[PDB]
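A.B. asks: The primary structure of each chain is shown beneath.
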Amino acid sequence: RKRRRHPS
Amino acid sequence: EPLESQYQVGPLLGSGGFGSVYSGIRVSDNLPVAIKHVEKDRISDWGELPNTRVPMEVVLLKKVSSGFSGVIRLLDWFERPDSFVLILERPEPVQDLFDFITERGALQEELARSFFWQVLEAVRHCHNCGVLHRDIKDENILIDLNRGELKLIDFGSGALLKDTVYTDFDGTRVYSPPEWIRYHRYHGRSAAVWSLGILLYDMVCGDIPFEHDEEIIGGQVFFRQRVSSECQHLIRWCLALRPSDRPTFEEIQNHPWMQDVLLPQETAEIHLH
Ligand SMILES: NC(=O)c1cc2c(-c3ccc(C(=O)NC4CC4)s3)cccc2s1
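First to last, the protein sequences are chains B and A. Each residue of the first sequence is one higher than the last, beginning at 2 in the entry's author numbering. Heads up: the second sequence is residues 32 to 82, 84 to 305, going by the entry's author numbering.
Isolated chain B (complex conformation):
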């Protein structure tokens, strides 16, 4: 698990 942004 890398923390990452998530698109809308």
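Careful, some of the hints might be misleading.
[To be verified] Which stretches of chain A does chain B cover? Using the computed rule of at least three CB atoms under 8 Å from a CB of chain B, they are: (1) 47-54; (2) 163-174; (3) 189-203.
[As the list claims (entries may be wrong)] With the C-beta cut set under 7 Å, the calculated list includes, among others, these residues of chain B facing chain A: (4) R4; (5) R6; (6) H7; (7) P8; (8) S9.
By construction, these hints were calculated from the structure, which means they are not laboratory data. Just so you know, even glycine gets a beta-carbon here, dropped at the ideal spot from N, CA and C.
Since the structure of chain B is provided, determine the placement of chain A with the ligand on it from the hints.
C.D. replies: Here is chain A with the ligand on its own, set in the frame of chain B:
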């Protein structure tokens, strides 16, 4: 009144499904602004002002931009052949809560309490003005590091608040509630409280709890960091699988974990300066 002569256009900040956002200064008075461009071709939802077919985003921002709050205010906007351009406030210095959490890791509960409280007040502000954000997450929250003030951004996936069912959703899937994953239906407030549960977990644990659909609808919450029993309780309540089991905004702000919040100024002095 051209866009090019009233504002001094700087360089990019970000881009995505929201649009493209540049640094800018109001020449009139050297106010820091954000200049956001949206192509008409890429806009899904449209609305009308009190009179003019504009993007829903402009409709929602006008409704929440009345007086002061924890929402980035729309200062001006412009139509163009193929796009609209929104002029928004830009705090300096600023960091988004997503980069802030990446940099610092899991926040201390005292800090998480102040941040979460200010987000709750900004969302209540939105609901009081008939606006549903539908994309509450760390990336859509700016921190004014000097004032210790959080500001909500990007209403591009929002809607007028209603008490009836929503069957469309354009926000972030990993903050969407189980009832959206399973049935493509949700009510506004109860979906909002779910996303706020994700956000609170994100703050105290250093990342979101769920990545896959199976995890969202499982509503099994594992704490990967030391979190007080009271905070675990509020998070599990916000993340109740049944919408009607989630707390109201009032029940969140009356929750024992939420008491004795720091003021924004305290928050900056103790945790940001
Ligand atoms: N997508 C949107 O709707 C909006 C985004 C913004 C922004 C920023 C984007 C990302 C930022 C950033 O990376 N900051 C670096 C540290 C300076 S600030 C500032 C002011 C208003 C709006 S409205």
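A.B. asks: So, for every hint listed, does it hold in this structure?
C.D. replies: Hint-by-hint comparison with the structure:
1. Chain B is given as covering the region 47-54 of chain A, and this holds because 3 residues of the stretch bring a CB closer than 8 Å to a CB of that chain, at least three being needed.
2. Using a Cβ-Cβ cut-off of 8 Å, 3 residues of the region 163-174 of chain A lie near chain B, which meets the minimum of three, so the contact claim holds.
3. Proximity of the region 189-203 of chain A to chain B, defined as three or more residues with a beta carbon under 8 Å from a beta carbon of that chain, is established by the 3 residues found.
4. At its closest, the beta carbon of B/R4 sits 5 Å from a beta carbon of chain A; the interface hint therefore holds under the 7 Å criterion.
5. Interface hint status for B/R6: upheld, as the beta-carbon distance to the closest one in chain A is roughly 6 Å, under 7 Å.
6. For the restraint placing B/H7 at the interface with chain A, the shortest Cβ-Cβ distance is roughly 5 Å, inside the 7 Å limit, so the hint holds.
7. Checking B/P8 against chain A: minimum C-beta separation of about 6 Å stays under 7 Å; hint holds.
8. With its C-beta approaching chain A no nearer than about 5 Å, B/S9 sits inside the 7 Å limit, and its interface hint holds.
Against the hints set out earlier in the document, no violation occurs for any number.
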